[PDB]
Structure formats: C-alpha cells, structure tokens
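Engineer: Listed below, chain by chain, are the residues.
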Amino acid sequence: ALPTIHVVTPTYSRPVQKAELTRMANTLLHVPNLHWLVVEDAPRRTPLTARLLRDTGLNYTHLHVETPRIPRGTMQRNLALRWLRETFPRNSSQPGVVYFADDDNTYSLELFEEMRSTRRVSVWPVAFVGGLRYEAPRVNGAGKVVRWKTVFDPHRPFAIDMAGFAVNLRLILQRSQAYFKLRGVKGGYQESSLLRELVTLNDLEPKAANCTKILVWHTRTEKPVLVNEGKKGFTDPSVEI
Amino acid sequence: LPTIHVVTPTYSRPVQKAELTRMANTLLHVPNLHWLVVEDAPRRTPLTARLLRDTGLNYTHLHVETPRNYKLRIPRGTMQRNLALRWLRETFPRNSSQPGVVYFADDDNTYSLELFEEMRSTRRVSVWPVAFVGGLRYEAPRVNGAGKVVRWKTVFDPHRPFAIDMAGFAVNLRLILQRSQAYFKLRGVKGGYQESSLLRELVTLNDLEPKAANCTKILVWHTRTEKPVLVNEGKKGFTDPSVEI
Ligand SMILES: O=c1ccn([C@@H]2O[C@H](COP(=O)(O)OP(=O)(O)O)[C@@H](O)[C@H]2O)c(=O)[nH]1
Ligand SMILES: O=c1ccn([C@@H]2O[C@H](COP(=O)(O)OP(=O)(O)O)[C@@H](O)[C@H]2O)c(=O)[nH]1
Ligand SMILES: [Mn+2]
Ligand SMILES: [Mn+2]
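In order, the protein sequence lines correspond to chains B and A. Under the authors' numbering, residues 82 to 149, 162 to 334 are what the first sequence spells out, in order. Under the authors' numbering, residues 83 to 154, 162 to 334 are what the second sequence spells out, in order.
No wet-lab data here; the hints were simulated from the structure. C-beta atoms are modelled at their ideal positions from N, C-alpha and C, and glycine is treated no differently. Hints should not be assumed to be uniformly reliable.
To be clear about the criterion: a stretch of chain A counts as covered by chain B if any three or more of its residues have a C-beta under 8 Å from a C-beta of chain B, and this derived list gives those stretches [said to hold, decoys possible]:
1. 96-104
2. 111-120
3. 140-150
4. 240-254
5. 304-314
6. 317-331
Chain B on its own, in the form it takes in the complex:
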C-alpha cells in the first residue's frame, strides 16, 4: 500500500561520478518502496553505472540519452517522464510519487517520508540555492502556500529548486504532454515550466513542518585536481574510480 517513490536522477561521466552515486545509493538503500530511475547523459549505458546499480540490489531502471543554454539534466529528466508514461497507464492503480533528485545533492531520510504521502504536488525548503542559506515556500497560518521566500525572481510561478518538490505520479500520467522546457528557458524558470502545467499554487502541499525545516541540501562537489597524472597519465586507466 505504501506509495512507490520514483527517484529521477540524471547523471554523467566525470571523475567524482562513482563517489556521488555511491553515497546517494547508501542513502536510498534506507528507503522502502523506492524505484531509482537513473538516466545517463551519454550515447549509451556505461558499465560503471550498470555495475554499481546492479550491486546495490536496489530496484532501478537504467536509461540513457545524450545532450546534443538548457539546464543540466533536462533531456534526461524528460526521458524519465516519457518512460513513466509509457510504463504506467493514465488511470492506473499503482500509487506513486515522482521526485527529481540530482546526483550531487544531500538528502535526509525524513525527506522521503515527507514526500511519500504527496496527493498532488508537495514542496519544502531547499538549502544552498538562490544565493541563500535556503529558499522556502511561504505558507500562511492555514497551511497554504501563498508565495516564495527567495531573493532571485521571487515572483516566478514556482520559485523553487528541482530538489524542493515531488509530484503524485497520477498527475504526471494525466498531463501526458507536460515536459521540462528546453527551448525558451528563462533563468530559473524550468521548474515552473513543468509545475505550471500540473498544479496551482493553492493546491501545493507544504512539507517539513509547514516549510520551517531543511531536509535537503543543494551541495556541490569540488572538481578533483589531477595535475600529477601529466599528459601521459600516471595511474592505471583500467582501474575504475
């Protein structure tokens, strides 16, 4: 009966990739009824990702689509959306929640417990976004979302980061043609390009104690210095990192 959380994670090949997927998987391993939809930004599925997913024992679906200034991960998230629509019928009976989780963010276990009951669309505060310690939806005493507490373009339809919301799968299946915009995308308007088609502000479900707590962090990982590898390479290229 517990709704399935479909975690959509775009990823790509770069030094820290395996490390990111490892600590993310270590977090996800704690979450019951979780389906990890990993979409690689590559011409084909890589063995590094295939083996890592296989070895976790997690329930996953491994897809891939290569990106030919559109937001990072867009075509990959869109592929996941189309995959969901091709896999689950509009008015199916298998309850689900969809969450777009980038591979470098930090997620608390409480975050998933909060989003699991999503009826339409849920929202919550996200740390380290918009040049602030955290952005958060503005909720009134009645528990309704009435605005957004941000500095960067506070009046966007939905001034919230990708990691700050989840959508009941039913809405995704019903609005079969709703995808993230990649063409005319404005600064920080991609989230709105999708949400605007799915739900209205007043129907949002505020989580994290009426959006007063931070349960997810927009952490970024520093690029490793590989200067000592030289032009010829020092370490064994066949050793996976």
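Here the structure of chain B is known, so what remains is to put chain A with the ligands in place on it, guided by the hints.
Structural biologist: Relative to the frame of chain B, chain A with the ligands by itself:
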C-alpha cells in the same frame, strides 16, 4: 565482529549538517560501528548533539577547540584526532584484549560499505587505494608477490615512510593502546607527512596489511564540498538565522 571506531573531526560551517547527514546515512549500514565525533569547538553544539542522537548510531560525542591562534603548519582536525586517540587510551585498558579497529574518517570523504568490511579484520595496520589525493585519480600502496607492501604508487614524495592519505589506513585498537605515546604531529609537519608521523611509531612497512583486492580497487574517495554562495543574504541577512541548516 570487531568494533570499528570511526574518528571524525568536524567543525561548524554551512555544509556541516549536510556532510554529517550523508555520512551518517552510510555509517548506519555498518554493524558494530562506534562513531567518535570530535567537534572543533569550545563546547558540544546543539546541532551535532541532536543529529547524533537522532541517527540511532552508537556514538561518543567529544570536543576540543583548536586554538584560534593555531588557525591563523597544523593540519586540519589534528587536535581532534589526537583527542580521540587519548580518549581511546583512557577508556580501554592497555591489555583490553577487546577486538577493535580505529579509522580516521574526515566528514567530507565518500565511503563505500565494502571499505568497512575490508578494514574490520585489521591485525596491525591495513592500507588501501584512495581516490582524489596527491593530484592523482588515486594513490595506491604497491605490493610484492609475497603480499607485503613494498612502496607507494604516488607522484608526490612516493619515498616517504608512508605515502598515504588519512582515509587510506586503519589501525588495530590494541596497537593504539600498546603504543600509548603515539599521536599525530601537531605542528612543523612537512606537507603530506602527518600520516607517517603516527604510522612510523606504530608499524613497519613489512607489517602492513594490503586490502581492497590487494590494493587494486578504489573503495573510498577524497571528495571535497564546494562552499555555498550566500551573496543574496546581504549584510543584514535574509533568511532566519534560527532555522538550522
Ligand atoms: O552534462 C551534464 C551536467 C550535469 N548532469 C546531471 O544533471 C544534474 C544537474 O546538476 P549539476 O550541474 O550539479 O547541477 P547544479 O548543482 O550545477 O545546478 C545532476 O544530476 C548531474 O549529474 C548531466 O546529466 N549532464
Ligand atoms: O578548522 C577546521 C577545518 C577542518 N576540520 C575537520 O578536519 C578534517 C579536515 O578536512 P578538510 O579540510 O576537508 O580537509 P581536506 O580535504 O582539505 O584535506 C574534516 O573532517 C573537517 O571537518 C576541523 O575539525 N576544523
Ligand atoms: Mn547539483
Ligand atoms: Mn576533506
């Protein structure tokens, strides 16, 4: 199943809670693990106190402040790791005869679950490859056909006593208790020699135990977290300072 005492120095800064959260999420999977968190602060912070309590992990919350003066050549977390070493020696009798292993795990590295099982059986000192250190994709101990470490595959000072990162070795607890005077060198330390300063007083190259498929696999990564941009907070602040992040 020997207890793994994970020594983790930590300090207050924006990404701290997130770092401890994703590290805790990994550690929660490891059985018989004792998390020795040592805060670089004058007193135990409520943030860390609450987080540790809520994880459900077996832990000991300690603290020692690295003199402000010292932060203005002393490696980060040095006094904190030494505090843990002293705590272990004051808690476990020299001849404790109690199975245990000590591992110094910084709060920003990435750790695989397999890593802990590799180090759990350590009899003296075990070593393994570590990604993203020494300006390389990874540094790895070099082993001979006899199964002994005979050197180190590194570009930076590969001929030092122990050319290895803090995340690349673990020490048998009994050895720590036996060599009661062995601590990390506080200051003066030539860059990249801190690990050797301790290890040289604990073991010889020949007594090292190579792990991670005879040092051919990467099970731990020296990842670093970017500093969050808080420019929009302004001088007087924008967000509520009471909200814990
Ligand atoms: O060429 C690229 C760059 C990023 N990504 C992924 O898309 C998301 C975008 O995040 P990243 O650039 O961290 O985003 P930022 O934190 O810069 O907003 C992450 O899951 C990445 O792994 C991708 O698929 N292809
Ligand atoms: O004033 C400080 C700076 C760092 N640390 C901790 O000591 C270790 C040192 O790591 P950090 O500088 O990342 O080390 P680096 O990756 O630079 O080697 C980490 O566990 C930190 O949380 C600390 O206790 N106090
Ligand atoms: Mn990111
Ligand atoms: Mn570090």
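Engineer: Next, verify each hint and record whether it holds.
Structural biologist: Going down the list of hints, with the structure as the test:
1. Under a criterion of three residues with beta carbons nearer than 8 Å to beta carbons of chain B, the stated coverage of the stretch 96-104 of chain A is upheld, 7 such residues being counted.
2. Using a Cβ-Cβ cut-off of 8 Å, 1 residues of the stretch 111-120 of chain A lie near chain B, which falls short of the minimum of three, so the contact claim is violated.
3. Check result for the stretch 140-150 of chain A against chain B: violated, 0 residues qualifying (beta carbon to beta carbon below 8 Å, three or more required).
4. Three residues within the 8 Å Cβ limit are the bar, and the stretch 240-254 of chain A against chain B gives 3, so the coverage statement holds.
5. Counting residues of the stretch 304-314 of chain A whose C-beta sits closer than 8 Å to any C-beta of chain B gives 8, which meets the bar of three, so the coverage hint holds.
6. Beta-carbon proximity to chain B at under 8 Å applies to 8 residues in the stretch 317-331 of chain A; the threshold of 3 is reached and the given coverage holds.
Hint compliance for this structure: hints 2 and 3 are broken, all remaining hints hold.
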